[PDB]
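Encoded as structure tokens, the following chain is the form solved without the ligand, with no partner shown.
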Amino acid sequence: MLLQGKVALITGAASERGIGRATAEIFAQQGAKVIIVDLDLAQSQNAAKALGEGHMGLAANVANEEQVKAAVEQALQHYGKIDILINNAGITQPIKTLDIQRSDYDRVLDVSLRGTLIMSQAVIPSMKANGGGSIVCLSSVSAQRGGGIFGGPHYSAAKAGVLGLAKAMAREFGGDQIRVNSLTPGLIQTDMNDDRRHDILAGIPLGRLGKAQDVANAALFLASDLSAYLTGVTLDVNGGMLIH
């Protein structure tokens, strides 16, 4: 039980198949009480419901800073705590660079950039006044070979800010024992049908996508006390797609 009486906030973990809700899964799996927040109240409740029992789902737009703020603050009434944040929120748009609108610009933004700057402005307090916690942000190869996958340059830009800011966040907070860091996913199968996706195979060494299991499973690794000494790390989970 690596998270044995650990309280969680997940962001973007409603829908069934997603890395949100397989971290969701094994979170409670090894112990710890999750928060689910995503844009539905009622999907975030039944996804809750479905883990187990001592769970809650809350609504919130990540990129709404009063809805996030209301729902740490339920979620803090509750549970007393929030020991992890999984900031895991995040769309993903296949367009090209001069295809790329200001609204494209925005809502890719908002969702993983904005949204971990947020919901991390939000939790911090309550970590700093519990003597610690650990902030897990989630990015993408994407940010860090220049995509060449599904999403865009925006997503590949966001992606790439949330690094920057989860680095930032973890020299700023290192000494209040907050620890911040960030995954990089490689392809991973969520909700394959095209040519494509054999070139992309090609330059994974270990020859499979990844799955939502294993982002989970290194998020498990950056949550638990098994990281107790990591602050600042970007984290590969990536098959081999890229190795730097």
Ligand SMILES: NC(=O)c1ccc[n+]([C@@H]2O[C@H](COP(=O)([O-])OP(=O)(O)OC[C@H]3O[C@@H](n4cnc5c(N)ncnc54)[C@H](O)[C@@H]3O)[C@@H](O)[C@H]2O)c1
Given for the second form:
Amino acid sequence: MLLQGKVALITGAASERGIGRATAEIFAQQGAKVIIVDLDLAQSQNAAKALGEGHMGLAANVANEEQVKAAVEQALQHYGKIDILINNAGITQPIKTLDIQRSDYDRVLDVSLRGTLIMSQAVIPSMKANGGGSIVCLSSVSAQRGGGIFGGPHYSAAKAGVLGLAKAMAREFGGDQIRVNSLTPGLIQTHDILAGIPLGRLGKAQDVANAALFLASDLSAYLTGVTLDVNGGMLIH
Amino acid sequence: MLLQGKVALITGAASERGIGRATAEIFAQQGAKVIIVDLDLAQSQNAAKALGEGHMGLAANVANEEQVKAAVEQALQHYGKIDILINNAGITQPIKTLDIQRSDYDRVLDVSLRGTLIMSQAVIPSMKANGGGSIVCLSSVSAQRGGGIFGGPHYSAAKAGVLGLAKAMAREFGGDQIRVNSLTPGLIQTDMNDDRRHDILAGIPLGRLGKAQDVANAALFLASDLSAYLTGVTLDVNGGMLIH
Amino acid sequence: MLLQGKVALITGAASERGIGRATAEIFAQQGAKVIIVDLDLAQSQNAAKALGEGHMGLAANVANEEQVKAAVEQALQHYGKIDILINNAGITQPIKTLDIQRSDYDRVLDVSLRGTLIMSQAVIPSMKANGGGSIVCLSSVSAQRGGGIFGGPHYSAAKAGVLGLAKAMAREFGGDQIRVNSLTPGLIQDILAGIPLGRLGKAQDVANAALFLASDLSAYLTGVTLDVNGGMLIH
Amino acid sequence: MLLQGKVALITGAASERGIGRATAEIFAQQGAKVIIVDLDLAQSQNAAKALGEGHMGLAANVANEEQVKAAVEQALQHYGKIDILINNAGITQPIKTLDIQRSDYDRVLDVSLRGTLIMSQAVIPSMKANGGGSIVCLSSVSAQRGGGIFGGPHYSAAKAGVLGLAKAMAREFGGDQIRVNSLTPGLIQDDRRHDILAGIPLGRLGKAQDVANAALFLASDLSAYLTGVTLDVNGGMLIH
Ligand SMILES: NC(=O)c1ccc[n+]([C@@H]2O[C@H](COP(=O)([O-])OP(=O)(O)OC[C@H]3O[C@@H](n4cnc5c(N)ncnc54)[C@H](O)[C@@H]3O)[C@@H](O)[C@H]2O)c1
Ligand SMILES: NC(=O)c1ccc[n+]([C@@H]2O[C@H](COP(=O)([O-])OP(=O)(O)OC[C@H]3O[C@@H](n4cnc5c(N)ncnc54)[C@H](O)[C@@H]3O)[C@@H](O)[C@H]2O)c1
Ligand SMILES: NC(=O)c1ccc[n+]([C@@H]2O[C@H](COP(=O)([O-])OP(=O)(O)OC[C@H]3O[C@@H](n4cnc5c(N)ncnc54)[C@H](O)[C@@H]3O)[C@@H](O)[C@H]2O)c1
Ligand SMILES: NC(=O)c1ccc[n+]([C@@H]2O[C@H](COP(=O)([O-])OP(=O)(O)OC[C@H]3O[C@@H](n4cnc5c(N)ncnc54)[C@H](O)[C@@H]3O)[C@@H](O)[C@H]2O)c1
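Same protein, the form deposited with the ligand bound this time rather than the form solved without the ligand?
To see the whole picture, the full complex is given below, headed by that same chain.
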């Protein structure tokens, strides 16, 4: 299978209907061993067991350096390597520009942007030592088109910041064969907007998961710094 | 078998070490029946038989409307449908702006741009009747960064026109479930002895040239159901040569 | 006087309501001498005369190498230099993918893409000898978002090809200080509802963007695609 | 006089040779009254007095909501309007991915991203009441190409976040005629510099005046139909 013998760590994959869980399932179907990292230990463990045999569920706030370090250490002690990192953890808030408070900014930016940085920092050393890896970051069409879907401007900023971080890490670690790419999903299921989608439907969690599979697998071995749109034509540019 | 039961037509796939042939091989390995369309009938037939059994090789100049329509008819009569179209046919020319003659412009634009339009026009009616399809167009990083690799400005222009055409067809036929996406390969190892290679390679973060199989795997993604929600996309395959 | 002492050649600027004429008018107001190149000699001469004094109107099909060479030579003979080239000439057709014929493809591609190449080829030698210049190419939002406004897919392809050509010429001639940039105008006078600024574009809006790219205010810009679409496409 | 009768607030314009000061000078030459907002009151007042007559210098940390509110209150009390906002304040740090600490992330993100949000939040209400305005945000080519110039990944991330924020505000306030656009400057004025210079088609580094002239375009009526735009000022360093 596409991820035969690979180990993948996916943040925010404990929710049954989320993109993270759909990615964990498709990754497990493709032969990978999956480490689910989310906020609730019991939920993460149960999600890992549902995948099958040989998976792991850990608890960590991706914005907490200490908790991330403990989770990555436990994963490396058991699997010895992390080939793939899916920075899927993220939150949104439908609050407009003038209503964004300091705590709203901090919460939204911490999960997506700071969390992608902290998790990447924790996994990159092992990837560099093991000869490379693949990091997938979750952005949003809102980062490209300027919101207008659900998340507020601080969400658009956070997901745009993820793109800048991912591109910068792609350039820094290209020589180490650590590929860093980003997904920009459109409106995913996890009327007026539907009319603006050429393919005439909303996205599925499995659609984003399949894009993550492509970027995590050797089918994309020559891709780094790429922003892969998964929006059904909602944004053609 | 990502392409099980699918039928794929690939233009310019008769060359031994080209992207088209690499795409045909990977597509066949994934369960697809492949129709190779190139300039030489014997070369196209031999390439198809090299893939395995049940494939087809046809001869047509993608810039010749009547030749394309004849080849597409022959493919539809045998297979009954075309699920995937890979507009891979293309030529390049390393001449600079002031040296581009009318015949140079015509030759380069005809294979890439007019050919992509003519082949897409010939296949789209059957795709609409069959409920959808996937069209992959071959562009180039030169269309995005303004050349500087090998092909001259008319090559950059032709491959940029392909992107405009692809996105326009993506929008027009989205309701018909005909996905149209483009590949923008970087410097790919095909048929590196000049000092200018060091500078180009130094600008590739992954530190190597691309391989035909790299572009073929991206075409496989766009041709398969793994990209069912992607249309109008431009997918860079350049090793980080252009991050934007 | 952002274009004081400058000489600018603008193709397709003979129509009274077009972007080309609006650009010529604003360029003349900013101190430039303008050479209008269009299909009809009398219409081009009258348009140039309407700008004021010291301007010139010439006739040439931008897709005709011989006619372009004659026009540029006449312009250089009189002005001695061409500081700015505005490749504004272009045509559109609202025909869909399956209805595009060979003649439709050729006509639309010839004016925008081949015309931009032929005119640029004819002016670049003098710009190299004169220490640089500014070339502005007219693309379209349709080249970026995939049509859906008016022009058909061959128009989107032609205007996308212009962007690729402009970027390639920008890279080749950067060392000659020949800046090459492109404009991607939106809907210029249902679509209105998808425009955040709540109005259609004006010919003067595109002309003002061309003025910026033609002037020294953009001395460090080359290979740029400048959107003038009122927010119709944010990306 | 492209900015005749306009009032422009420029953050981080107190440094002598910075982009902000160059923008203030060009804006003043074009008829605008400029409000310089920087960290030090004395430096800001002196910079404003150097522009000419009728200008104002204020002290505020763009990442401090109450200081920004006080400075904008004082500017609006004197001028009665703010037509233009240039979110130029920003800092950079040349540290690599694995060396970015929490304090580094906070410092860089606070000035560029949080500061742009806080200052825009403070000025937008008056722009809505005055019938429109123009907001120019300062990003960087590093946000587009993934660093490799000087600022580390957290700088690339902060300036990329500025682009996302600017586009989102452009879409939200288009109906209020508040245009929001971004500048992405390249390398603006030894081995690293020489190598970068070799990848610049125009063959030179940018000048503060080059970016100021682009800000003038976006602030003036010459760009009245532009919103949500990212305007590259990089001499061809990044063509895309
Ligand atoms: N429409 C969409 O669904 C859409 C569109 C664009 C981008 N995205 C991004 O895709 C990703 C998945 O989206 P979703 O719809 O699946 O979300 P979701 O809410 O279903 O799941 C996200 C998961 O992240 C976990 N999480 C939240 N904060 C965390 C933290 N600090 N540390 C660890 N885990 C944490 C939550 O517990 C949850 O399980 C997110 O990054 C989201 O922003 C989603
Ligand atoms: N470095 C690269 O290889 C690179 C980079 C960017 C884009 N591309 C594009 O990828 C595609 C494949 O590249 P390549 O390196 O494999 O090319 P290639 O030269 O090996 O093969 C191209 C094939 O197209 C065929 N062909 C030419 N004109 C034709 C016509 N009029 N009708 C039908 N067939 C025709 C040729 O016979 C040949 O078999 C082309 O579109 C090329 O421009 C390649
Ligand atoms: N909505 C828009 O108007 C819009 C949007 C995007 C791009 N554009 C482009 O902006 C430019 C101006 O658009 P417009 O609305 O002003 O068009 P327009 O029809 O008013 O003017 C075009 C001019 O080009 C001239 N012309 C046509 N073919 C020519 C040729 N072969 N040689 C010389 N001159 C020729 C015509 O005579 C006319 O005067 C064109 O390139 C157009 O595609 C326009
Ligand atoms: N190469 C470049 O110079 C370059 C490239 C891309 C983007 N930019 C951006 O352009 C802008 C100007 O760059 P520069 O080269 O002029 O910088 P600069 O250091 O000269 O000026 C920045 C100014 O911001 C002020 N400042 C810092 N933190 C502040 C705060 N919290 N509140 C208020 N003022 C504060 C400083 O006092 C200084 O006067 C910055 O946003 C920078 O990131 C610069």
